[PDB]
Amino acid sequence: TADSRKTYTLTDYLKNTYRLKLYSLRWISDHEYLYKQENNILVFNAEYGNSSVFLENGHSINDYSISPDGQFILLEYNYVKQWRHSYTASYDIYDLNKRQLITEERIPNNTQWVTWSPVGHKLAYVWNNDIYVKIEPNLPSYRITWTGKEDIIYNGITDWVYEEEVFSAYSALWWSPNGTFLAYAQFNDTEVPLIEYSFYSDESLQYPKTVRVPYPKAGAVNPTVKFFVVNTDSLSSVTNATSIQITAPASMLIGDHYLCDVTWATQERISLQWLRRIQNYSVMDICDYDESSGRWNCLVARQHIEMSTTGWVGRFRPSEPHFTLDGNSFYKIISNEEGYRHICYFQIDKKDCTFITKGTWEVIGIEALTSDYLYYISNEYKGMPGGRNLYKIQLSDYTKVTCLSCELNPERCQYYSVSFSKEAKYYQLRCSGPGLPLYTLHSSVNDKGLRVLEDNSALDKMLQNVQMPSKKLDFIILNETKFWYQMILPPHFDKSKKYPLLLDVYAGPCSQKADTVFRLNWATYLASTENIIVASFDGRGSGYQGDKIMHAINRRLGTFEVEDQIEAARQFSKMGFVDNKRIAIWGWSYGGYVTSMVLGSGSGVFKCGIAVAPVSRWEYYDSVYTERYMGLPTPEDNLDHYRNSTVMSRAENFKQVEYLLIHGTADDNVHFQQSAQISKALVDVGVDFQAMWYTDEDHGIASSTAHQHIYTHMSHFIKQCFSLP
């Protein structure tokens, strides 16, 4: 009479047998959007529901991109991945009057970035590290920049560290809304040291190649930045156009520093956010074009400073300013007196700022700013850090708070994100759990529910045939403070049996792993098929619960986060249904670091662990991330905690545990170096362990074949550790 449905199996996960539909769409105006219906790209109506085929069923096309004036379309193909965001591609442009490929002045192959202007059909592209502007797809490119040099000078695109860590994007250029100006950044990596690693390629390659990338590790030379802006409107200087530099404020010129972002606030006002390499001080420069000359006016009474007292500035970087349409006001998320991030309103002419939200909860992002409302996401509802809901607040009197999503579907839906059309006339709401993802469309006017876009009924019906695990989300209180955790529980869970326990850890700063999101992943398999409980715990300083929790780790990575994982397992351990002799832990990247530090703790709580692409020593990781939390590796600053918080210093304690260490050899992010040094430390101390390298894989180990292999291999390891035939 026991349940005899199939379980959710490893093959299920790897083959993606059970598909989550995500209804991915792209707004193209205020009332119409783009959606791929299987083989076709449809255009839809927001007001109603009429759709029409836009493009229906040699070159595999990676993406299509239409100009804001509807007259041309770009398609990229021959797509070749670089780093996380960076790519090269070929581009051809077609007409939108006569669906015909433009034959003449064609964008070069090996182009690195392309972008329409916000209006009209202007195009700027980056190729061999220099910026080019096409006045029209048929006419000739104008060369804006002549300094570009492989691995040395980057114009209009980022170098490695700016791509991964500060911009989270490859693009380093910014059209004015007019289309008049084109702003761009220039990066100089001349003195940045290179990470070099072997790349083995196809078996046919007789000698291995070595990849060389400018990559500043903690306390190494950082690249330098310059900011320029060019007038594309009138630039009759066809051979040599004239670029106008805006310097950082003298506040920044005292040492090395970063450009964090640029925002055009109006047609002739641009905002620059700079940050010192000691990332506890950031300045906002407001710069105004003066038509009498060709200069810009930054440094004045318009500077807005942000200092961090108990940590660093922002979560992963200073918050983005949102400007009014007549932009001499802007809204920005800022940590307040009690240490919770809320929205402050700014006036551009001096003054401080005025908060318009408050409470023991955090605004995560401002999603849209209209002439009458500000929309934002927060975890206010039900006091649940792991929840996310859409809110709107009235502009003039900001007391008026409506939640747009909270009560839509409170059982199924506790984790919302949003996508607004042009002018925020409509929005797609995206519910990511704990139910099956639910995707709805709304009009802002009365924010009425128009339609349900996707309800994942299909998946739901399939899953009825499968023994699926449940997820429990709750909290424990260690010394005065609630700390949240989640458990993935085997089907037909029986609190009178003993189950093995896998702690899934990331535990990096700014981070959150106990949440309300629905996932089908490796944990799903472990719970369903192998009857393993998979838990996650957010300790000090996980994110989204105030600075007192988040900043607890400042200048002291690999202490309190590791501590809290241990004693979380101890508490989990005390409940009757957890087998104390079969507790394990695994994690990736920062999670690999914490796993390794836990296993080397000597705690005696954990039987075994798996570390995938771990950091091992903070001097090995990039300057922007680690220096944010760790300061600089010098005697004068924080060298001392840099040295006592390596994995290698704890190798002796690994004698007690079964350890599995995995790393891709072409990891450009966390370098194979880091695991190479862990293994050497373990060897030197006489500790046995298991290892696996993945040839030519990077940080994601994300090739279809490698993806399957790694999870297969980890499943074998876990099962043997827990004595599961």
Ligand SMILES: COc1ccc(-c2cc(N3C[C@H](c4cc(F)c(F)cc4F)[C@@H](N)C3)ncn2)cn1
Second form
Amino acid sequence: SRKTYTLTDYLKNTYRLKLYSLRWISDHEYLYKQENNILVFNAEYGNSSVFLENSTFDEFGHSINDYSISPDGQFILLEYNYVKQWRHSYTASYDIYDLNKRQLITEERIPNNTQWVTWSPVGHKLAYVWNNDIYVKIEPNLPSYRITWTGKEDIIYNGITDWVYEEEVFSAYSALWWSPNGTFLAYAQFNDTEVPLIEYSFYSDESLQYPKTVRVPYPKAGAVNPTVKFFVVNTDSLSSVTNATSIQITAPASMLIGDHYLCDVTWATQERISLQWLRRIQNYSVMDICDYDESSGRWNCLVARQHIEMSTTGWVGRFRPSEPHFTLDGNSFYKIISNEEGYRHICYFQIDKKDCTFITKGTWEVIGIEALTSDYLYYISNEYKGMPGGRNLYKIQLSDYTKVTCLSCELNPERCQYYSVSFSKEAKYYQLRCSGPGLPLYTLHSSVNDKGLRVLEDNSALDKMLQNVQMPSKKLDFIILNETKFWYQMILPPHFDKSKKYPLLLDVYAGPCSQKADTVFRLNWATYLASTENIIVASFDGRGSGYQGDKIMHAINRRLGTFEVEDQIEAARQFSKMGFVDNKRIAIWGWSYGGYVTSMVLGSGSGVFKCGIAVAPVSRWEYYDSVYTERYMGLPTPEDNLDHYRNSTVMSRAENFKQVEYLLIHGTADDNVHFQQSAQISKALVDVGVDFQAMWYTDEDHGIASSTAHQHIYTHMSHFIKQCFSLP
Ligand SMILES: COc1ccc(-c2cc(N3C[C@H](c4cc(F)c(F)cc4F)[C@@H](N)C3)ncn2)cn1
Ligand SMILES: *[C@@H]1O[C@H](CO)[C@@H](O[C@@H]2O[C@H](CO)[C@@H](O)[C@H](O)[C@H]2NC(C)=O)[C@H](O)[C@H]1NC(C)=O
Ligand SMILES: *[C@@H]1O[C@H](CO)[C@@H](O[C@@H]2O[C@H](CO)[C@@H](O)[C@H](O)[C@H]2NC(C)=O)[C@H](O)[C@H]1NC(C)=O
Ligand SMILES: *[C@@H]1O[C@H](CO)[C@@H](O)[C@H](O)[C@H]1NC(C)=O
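Could I see the form deposited with the ligand bound next, after the form deposited without the ligand?
Every chain and every other molecule in the complex is listed next, the one we just looked at coming first.
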């Protein structure tokens, strides 16, 4: 048809997917921001009113980064002065604005460089972390209560996580959990005293004459890890004159005999907390249930309430143990667990009883449980049509497990196969969000008889624009390795002609529990490559991949760098035997784990690939952090798994790169996958006389996400691909 989807279109966000981000504030109302107004919507009728005009803060004098309205409507938190730290951490300033009095609170303000602020879940108490210590404000205009006195930069963290807990365990900076009531505040304390530091140079603005050395406690594989403690404070009995009493909850005997992690914290009732702990050998976990004792003011954890979840074939959970969903009474809960055959299904547990009752089964997986009411459990799975890369909402009747209703499967089957959901409080209403394979579609629904109420956002604007672009298509299908089905996706150029040979770029992640073949709709680099440059972009899910059971997922156990790499080479050979692929023009590329896979494939000597790009790769597992590495790899000791640590490096394959054109890219301020990793790759290739191309990105981290760098890397990569494929 007409213009194609260009690199610039991608780089400059020319064709924008619209979203419908709402925030539930009750069982029947949400907040939504429709151009410099906050609107409140009524879910049942769809009427709205303006909550707050942005004009309110025209003369506030600071650019407001975000906001948080107190659950009771009384106050809004204003976040400005935002400074990114790692993936989820950042610091900021905070002003509180009283919505009834229509004025800023000017007394007893939150300090600058506050690390974390949370409202209680009810009312308007605040808890915040400043200088690695926790402070609680009962009223926003009143002086705070200091909870901890031990916070120490780089060493003791109260209520916030250190580097590896942020990245690998909680996926959050916060380590503060209010009870449902707001009576108790639970928090974790991390101790990094002997964790070694990664050090790297930060060059900063050109005006900085001497570069800065950034130092971060970061346990690489096998190193000393942070230790953790857990504490609960009663915030309804705090004194101005007497220091706050925090009650410690210790980890079970079965954990305390060695290194372990706190891997999950979930309140069950107003006086019951559940804690999951994990051994540093991540094949064994324990859930504790801890009940408050009114008489002593302490927390007791009966050994008979401990639930064990262990694996005999791999590790526990997909990334970590799944979280429990408690019945309103707190005497039982639902959790996703791997069943006798390897499939992740919902299990029913009652608190002072042994076993558990599986309420789903089949050759598919539950992705997550989304809501629990007295009659139904709402969950997301990939059962529909046996497509591991599709996602649908279901409900199961708690009085009869055979009564499962798919709630999303047939709302719009050609356009919609990949749903997520957001339930109101008490799950009276839900927003469904489909992400593919058509354009995203956002809808509101009522849980009573599962009636559609309202289309929220249908992306009709974007639909119309794309009718005007020569858009590529997605093929989603499967091949067979060894009597098992493995799924792959292909991005095909517009006006695809199977009697012509196309160049193929293999897009790789292939990390454990990854999935790269799915029904999601994306506008990305592959879109450009297929639409303008007529390259087929393919992605393949082999051994190690997720959402198809443990047999596939755990094939890679103690063995990273093997089956997941072979499987990509094999997928490529099978793509090249289908007759529309030019087998003298196959390339490969990947980021993070995919850059480790790309390098191991280029270094395999297979002869399949002409060229490849590795961005921020791992090169050797001893360099990456302990929590993630040791999950898949055990420990790099001779009593454990040192030999496969040494056989799984990129560097050992250096000679083989003389058969391929390789482009290696890394940001110098990468705090996650250290520049060290690529420095050691380059050094091995030079020692062996292999020529290659490189690019460093000064001061960029693992996402290489600053917008000029993002643009420059995708541009640099597109030239490399064009040249390797003799494309004009
Ligand atoms: C419910 O809590 C969950 C659930 C899922 C995940 C999760 C983690 C994850 N990771 C990939 C990342 C990573 C791995 C590399 F090999 C690498 F080179 C760089 C890199 F950033 C790991 N730090 C963690 N990827 C997808 N999902 C994390 N938390
Ligand atoms: C949706 O419409 C209803 C009905 O007009 C609003 O309900 C009224 O709300 C105001 C403030 O809550 C009350 O003083 C009225 O007396 C209510 N009347 C009735 C008949 O319900 C509701 O406020 C609207 N909701 C939104 C979100 O704008
Ligand atoms: C959890 O961690 C380790 C590693 O897989 C297991 O300990 C090994 O047990 C196997 C049994 O197949 C022995 O052959 C090895 O000699 C042990 N290796 C080491 C270094 O300890 C342990 O079995 C796992 N636990 C579970 C529940 O399966
Ligand atoms: C919240 O729970 C605590 C402990 O059960 C109790 O003391 C307090 O009264 C509760 N707050 C409410 C619901 O008013």
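Numbering follows the first chain given and starts at 1. By rigid core we mean the largest C-alpha set that fits within 1.5 Å across both forms.
In a fit on the core, which one among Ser292, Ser236, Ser204, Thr103 has a Cα that moves 2 Å or more between the two forms?
Correct option: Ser236.
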